[PDB]
Amino acid sequence: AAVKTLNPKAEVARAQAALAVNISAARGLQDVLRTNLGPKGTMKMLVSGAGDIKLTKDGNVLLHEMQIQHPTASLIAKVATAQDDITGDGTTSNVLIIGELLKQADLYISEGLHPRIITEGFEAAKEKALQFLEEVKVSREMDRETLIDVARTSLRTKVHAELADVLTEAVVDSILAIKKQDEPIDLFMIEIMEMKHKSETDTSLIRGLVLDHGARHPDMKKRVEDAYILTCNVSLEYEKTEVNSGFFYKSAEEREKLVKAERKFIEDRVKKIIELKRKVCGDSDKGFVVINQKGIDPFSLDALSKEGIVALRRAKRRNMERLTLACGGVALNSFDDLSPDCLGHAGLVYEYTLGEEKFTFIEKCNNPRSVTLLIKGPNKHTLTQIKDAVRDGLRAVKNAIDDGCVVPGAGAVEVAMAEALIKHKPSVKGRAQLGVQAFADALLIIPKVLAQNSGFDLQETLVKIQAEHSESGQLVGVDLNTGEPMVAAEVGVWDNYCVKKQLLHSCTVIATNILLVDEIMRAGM
Amino acid sequence: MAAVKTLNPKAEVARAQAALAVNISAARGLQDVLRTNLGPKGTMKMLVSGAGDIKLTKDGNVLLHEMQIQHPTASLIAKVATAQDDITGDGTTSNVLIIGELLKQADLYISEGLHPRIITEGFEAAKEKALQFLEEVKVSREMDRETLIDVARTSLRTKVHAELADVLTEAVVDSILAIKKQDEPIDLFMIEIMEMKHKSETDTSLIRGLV
Amino acid sequence: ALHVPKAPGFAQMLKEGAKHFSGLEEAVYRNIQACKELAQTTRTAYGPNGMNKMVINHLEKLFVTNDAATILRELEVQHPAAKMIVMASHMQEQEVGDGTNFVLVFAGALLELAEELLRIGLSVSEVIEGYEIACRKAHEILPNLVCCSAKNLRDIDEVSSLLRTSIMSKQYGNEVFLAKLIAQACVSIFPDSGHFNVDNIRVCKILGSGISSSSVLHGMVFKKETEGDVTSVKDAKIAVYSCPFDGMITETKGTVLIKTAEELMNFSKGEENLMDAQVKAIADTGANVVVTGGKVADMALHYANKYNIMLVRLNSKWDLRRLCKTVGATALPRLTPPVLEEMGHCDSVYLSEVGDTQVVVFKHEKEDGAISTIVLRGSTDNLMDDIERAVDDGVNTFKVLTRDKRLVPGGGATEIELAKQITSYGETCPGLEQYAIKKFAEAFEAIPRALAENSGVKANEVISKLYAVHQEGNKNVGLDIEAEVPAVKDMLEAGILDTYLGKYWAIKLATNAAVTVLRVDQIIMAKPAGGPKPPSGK
Amino acid sequence: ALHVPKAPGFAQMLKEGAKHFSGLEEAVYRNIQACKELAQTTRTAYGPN
Amino acid sequence: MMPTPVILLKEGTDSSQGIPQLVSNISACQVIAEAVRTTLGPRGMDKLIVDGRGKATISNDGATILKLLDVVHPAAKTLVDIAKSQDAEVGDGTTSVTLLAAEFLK
Amino acid sequence: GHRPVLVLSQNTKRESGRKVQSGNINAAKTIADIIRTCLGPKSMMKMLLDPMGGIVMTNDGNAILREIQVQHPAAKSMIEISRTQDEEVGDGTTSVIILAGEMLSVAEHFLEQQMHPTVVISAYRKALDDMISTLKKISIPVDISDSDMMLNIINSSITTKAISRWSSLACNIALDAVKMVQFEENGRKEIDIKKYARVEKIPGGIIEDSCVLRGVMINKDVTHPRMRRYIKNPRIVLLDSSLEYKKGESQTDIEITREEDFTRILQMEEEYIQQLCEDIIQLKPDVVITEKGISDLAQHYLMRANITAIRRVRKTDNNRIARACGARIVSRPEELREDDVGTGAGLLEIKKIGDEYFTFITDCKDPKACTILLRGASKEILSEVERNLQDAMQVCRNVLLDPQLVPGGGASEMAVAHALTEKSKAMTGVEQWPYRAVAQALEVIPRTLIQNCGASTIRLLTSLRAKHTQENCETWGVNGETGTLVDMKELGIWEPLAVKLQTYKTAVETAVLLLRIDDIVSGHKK
Ligand SMILES: Nc1ncnc2c1ncn2[C@@H]1O[C@H](COP(=O)(O)OP(=O)(O)O)[C@@H](O)[C@H]1O
Ligand SMILES: Nc1ncnc2c1ncn2[C@@H]1O[C@H](COP(=O)(O)OP(=O)(O)O)[C@@H](O)[C@H]1O
Ligand SMILES: Nc1ncnc2c1ncn2[C@@H]1O[C@H](COP(=O)(O)OP(=O)(O)O)[C@@H](O)[C@H]1O
Ligand SMILES: [Mg+2]
Ligand SMILES: [Mg+2]
Ligand SMILES: [Mg+2]
Ligand SMILES: [Mg+2]
Ligand SMILES: [Mg+2]
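Chains as they are written, first to last, in the authors' numbering: chain Z, 2 to 526; chain z, 1 to 211; chain Q, 2 to 539; chain q, 2 to 50; chain H, 1 to 106; chain G, 3 to 528.
Treat the hints with care, as some may be off.
[Unchecked claim] Restricting the straight-line Cα-Cα distance to at most 30 Å, the calculated cross-link-like pairs of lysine-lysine (DSS-like) are:
id, chain 1, residue 1, chain 2, residue 2
1, Z, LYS426, z, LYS104
2, z, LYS58, q, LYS7
3, Q, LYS152, Q, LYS7
4, H, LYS10, Z, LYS381
None of these hints come from the bench; they were simulated from the model.
Start from the sequences, fold in the hints, and give me the full structure.
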């Protein structure tokens, strides 16, 4: 070729070769990720170079963990990563739909048809499909039951059925706790903290915060019943002068005086804290907790502990906002003017010890606008899998709340969309009808893969579902236990409207762009 | 990685859908190469050996032999085409194309979870029906000079240039009709094919004797 | 026609060193085989008759022990499924402290029977569901099998008799002596408050006299020496300092600026007088022992020797904290004299020598205190390490007994009773789950079978006798290791008992590990890397 | 994403040392270039001069 | 034994089990005792051991001789450890301990 | 020993004669053939593999050429002219390469026929002058006040790209961005889209949601959570100096002998921070954006006055904000004046996109800077969309500077070729043959359009030439979709005159440069 003529060490695929390479890569990715789709999918074990174990079922995690060095695989991985970043679900369906679109397009391209006509058909089918999806969405007031149904539809696919049932309540309650009326939901206010000492079903929701650090002074109280929370960002350790100060003395007494004097700056702030603590609580009934983002040197820790104050240092940056929203205080960057109204209130603070690692709990808040999820599991990989599952569930619930409409799942929507596209095909002028048919047959992959993973076979299950949909018009999905058609809306299998729209748009765009590529080139050396 | 791998570490195995994909890909590649051969409008291929000998050809069997392939499925299809060429002497390109298309159309259904046994049963039924139809559609005729000329045209035009084909048609028809004995099998050994290298390629002809 | 090319698709896209295993034969059976191999390696150390294993790690540090968790820790396991089983065993060790070998044996038996069930035709999901149902049934059954409770933990005889079974598995020959020692050590700790801390028991290993000479000390022992002239104190009034025993210095920078000859001539004298005044002020409080966490200046040491003060230096902050706990002193951050509440008291502090080791002993006289120390004698470092592991097992058993007082019969009686009851339950369950339930029940047989194999008798007759007796109606009958012929006896009379929490957690963790291993269908292993460990492990 | 794999089909089945040139630009134009080069080498010896 | 594509432990791991390893351990202890036998009694003889640096340690004490031996056998190291223990607790008898232990095993 | 003696150093190769000319022309033809297929509305995209592991799936000629590495120097010259065309006018990168390759190819014919390259170069320059004359003759004026015609021009620019599907939205975005960026000061017109028309790509969402903001958008968040994330009519103060306490450059050392000097020094540091914050507060702003860090104490002092602050913002983003909201960046807050306070922004909102915080200063009135927020399938799709938007904005700027338009789709090529042939018909010297050769070589663009359309080249191109032989047919080209000859006054495809002028000049000058070259020498060291 020309590239090899100019650059001898160049790798080039041209035209039919380019299509073959791209479609083979897409087919390989589809074949790998077929087994993921649906709650009846198969979990994979992912061993890294260092031997770390990663048990997962998520499409994005799998794609990031397969040892693949292919260009088209990289493009599809980028598309799935964008899918996960924005909506947080549908990556496996994304890959499956891309692969099926490419295969259906190749089914016609191999018979002399030019890919441009296929792409025109894809565009027309995508527009009609988006219109139908607009028509078929179920607008609903998002109560607790609907959110529980959506969270179940996600988690049951991600994890074990009983663990999914626990995580449904956990995630729904967590989202409802921080949700404010007609205000965007900030998922940063749901802290995901994981411990590694009990069973997987012990994962729960704490209406407060769990901090992965505890008090550094042994004499500080390990449990405070009623506490005032002081959220501060002030250094309480020794600080050096910015201008290279140094000390000069002529005797040991002068050295002692200078040693005692150099601590006065920190001692003043500690004294302000102690005076505030004395003012707010004149007895031992109430407690005082100091959570500081910066260090606290041992002298300050001892001084505070002699006053019965629990002090936590080097807290997380987000923990400032989380504590202000949950406990209800004011985060302070200086003690210039500190007043009792700036103190948060927590109805219980105690420390939990887990071997070498220590944790602090802050519960019984008044109206916690930030909560934490405690992931508990006997294994590290169990913790990672549960963390990914709760991330997916939180994204699903947030999307369901943001979009007042929800879409029936179980593959029903794809069947209805395929039938609508087939009905609309005669209205398309020219040979773009072939592209429309390819798009419909590609959309039909979801019920096919669900039937495969459920142990049934694609053909008669799909034709039964299609016949049932034609006879009644209801949004009938796939019953993963019997294989019979089933109304997903009645049983409560919901899919996010935003996820479906994103799948349609991204899959169509990437498939069109890949089909129009006629040359992979590598001549950068 | 499998049963055979444990006993023989240096063993190469492709199992189940892997083997099916390997075979179908090989057949599809052969079909892609030989697609351009079919018909009088096909394209000549230039084949150069290791020693540098040049061989311009369009025959499917010749191209299969002179292709640089080391694939098992390709070897099987090459053996089938070789048997076809040995017995009937025509249809090798059609053999490869039909085999490849059969495998492709079968995989079109197999990828949808259909077992290959059902496809093979359908193939057997379709084959017997097709044989019946072919028996019903053939044209019984008296093989006069004109019909033989037409058949020779249909072959040689697909093999060579039109004018050379026109010359070779008369040559071959006269040669066959000269050695043909009534109600006796035709001995093709009695038609010597001697080549001389001094005139134009349209000067080839038939000699009612021996050289 | 002489090479089989890689299949189009994923096979060609796989990296150069990666491995991909998919399907029953390539993944599940291989994982089950690896787990079975691991369990088989650890099996021979199960029970009192289990035998130690000499294990050499990658650093050529010799370990000899029959503790399953230690063996697994010192074994370089590479198979991911065996890694998962090892993680389950280590979680069992961390949560309770004993039963790790039970975890391996049960997980291996479960996976083997699951493999045979998959062979006969059952699907993975059906086997998993059957195991889950059977585990729930076993957890329901277990509380009914409780025979007796501790019902007192401040006694010495009862605590020793309870911990004897726990520390009879390790160190089978001499467990009464170790039981008495650990019982005394734990009874000194565990005050009126119900909370019991495992870390409040310290083990000091001094070589030479054989383990029969080991003792328990109501105090704390340091393998150090006094830094002063005084080597013995009768009525210690310890004053603990976290600061170095020296004059303080500025944290920014300190330069002695001298402008006149008088300052130059008086600086050293003034500094020495300041140090002498500080030391005398410390001594005037009555403190006759000073423990410091930092270095000791020469002038400070001289002035301490002048006032008859013992000096002890502890490098580790953990040692300083534990000494403060066991004495009752407060770690002063500065060199100010301690107030009366901050001054700790010890009934006797003295420098002593044990074998060839010089030690400093903070010895009480009361049978109380926050921390108690067990001094371990012996003839080998490895022997003392094994004794320390047995001591840890006994202490964890005591902690569990504080958490839950219920006990179940040992010697395989509990496992056989569980197997019988689960088998009876499974026969009443129609459907394909009955096979999985029956196999889960049969997996309990591996415990008495392993015990009988290690004891040197034929396992099958032991198991048949156990079923016969249990069918007769005796739920507290187990293996009798004190016999050369397969025989059984009542565990309750013999006092061979196991903690209820230990069995509960062991069953739960083994079932969870087995089910999680079974849930895996495809394995994608990255090419191994020779990197110097991930940074998280340091 | 750093190496272009060989296209499935005949491209992979080709032997190690074999070359396959197909299409107008890859075959006809290159053959014409070679023939033109040969004629160029022999051209200067034409005629009495 | 089958290749088992994915192995349990790292390759190069050596495992010895059963009666033969115990008999080998006893033989190793016998070798260790023989290395110090002739240093016992008023008619005992000294041993000269040269390290890698070239320094010579002429000795009759059993514990010193055992320490200077670069013993790597896990079962044999027990005899060296008990010699060190006897030296630490008492100071004499470092040859008798090894001789008695090896004799028990034999 | 006796090492060899030689004039030039080793590895110093040298070639000469017709071989060098043939090699140069073949290299240029190869470079042209690389991207020949990427011209026209029916172009096929190419997928390029970055040495760093990235993927560039693009249709632009300049990107394709710059993403490959070549060793032949003539190929390097071709890459350079492609980059020059891309920088100068913004598009036509894959047309100038084809034109230069064709011109060199037709010059090779005359080179082999004993014609000295100087004669060919003179004829080429005469042809270039006459091409300039003809293009300036057949041009048409444009009123930039008509937004519909500008949108049509941008569309005709972007029909050949991947954004042709959303052409309407893309054209509106490009036109609005160019119009807002347009600025004038001190009587100097300026349209600087490379500094004040920022394109921000956020993967995800749908490309229909892409829009141009009446403001700016930066990937930043408030320093302190208690700071306001939503202000209606903010007063903005921009700084490019730290709000912290810093050492002086002079080597200053303190010497402390008294007890209270240490605490006094620390207290004066705090008081200095407070004084700076009070100097800022005296103007009563609402948001403070700094290029350098902001100390926590400074954050507290600003928060006491209910002021939102963003800590570290790049220089380009700060300049863009200053252009948008009308602020003025000041280094020392003590010199802060009322004029420096940025009023004009209509809203400051710090919202969350995906898992990131983004700061919006949109809703400005009369903003001179803009941020084009791009959303789409993935990163590569967004990169290609950004390249297409760059092409559109460059075309819009060219039209704004020069309101002249010429017919597209090969109509200009054939018209200029016919005019050149008619003018050459009166020539008598030997120079007429290369002159006519360049004239007919200019016809490669319609031929390439027909080839990419899949139609028959010979008969369609002959019919197009016959149509252009008539008098009033200068606007007759081809359809890039249906492969038929249509009047571009009806189809509506037009391109800026500046683009065509630059393309022709660059092509002819590259042909001249590569024709002047002989006797390649290589191997020496710097
Ligand atoms: N219990 C169920 N019954 C029937 N269909 C289900 C059930 N749960 C999920 N599904 C369907 O299976 C699909 C599961 O896809 P999933 O595994 O979540 O892929 P992704 O994680 O990429 O979204 C959903 O589209 C949903 O419609
Ligand atoms: N004297 C005894 N007679 C019979 N069985 C015993 C006796 N002592 C302990 N066992 C059994 O040995 C088992 C303990 O095995 P062990 O080696 O401790 O494994 P792990 O350390 O994992 O608990 C217990 O289940 C108990 O039933
Ligand atoms: N609809 C159309 N029909 C015919 N020709 C067109 C059409 N749209 C654009 N063109 C032609 O295509 C050329 C632009 O192709 P493009 O890929 O942008 O190349 P370049 O990047 O060199 O401008 C212009 O010369 C224009 O005349
Ligand atoms: Mg999902
Ligand atoms: Mg034929
Ligand atoms: Mg045990
Ligand atoms: Mg002696
Ligand atoms: Mg352009």
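Hint numbers not upheld by this structure, sorted from lowest to highest: Number 3 only.
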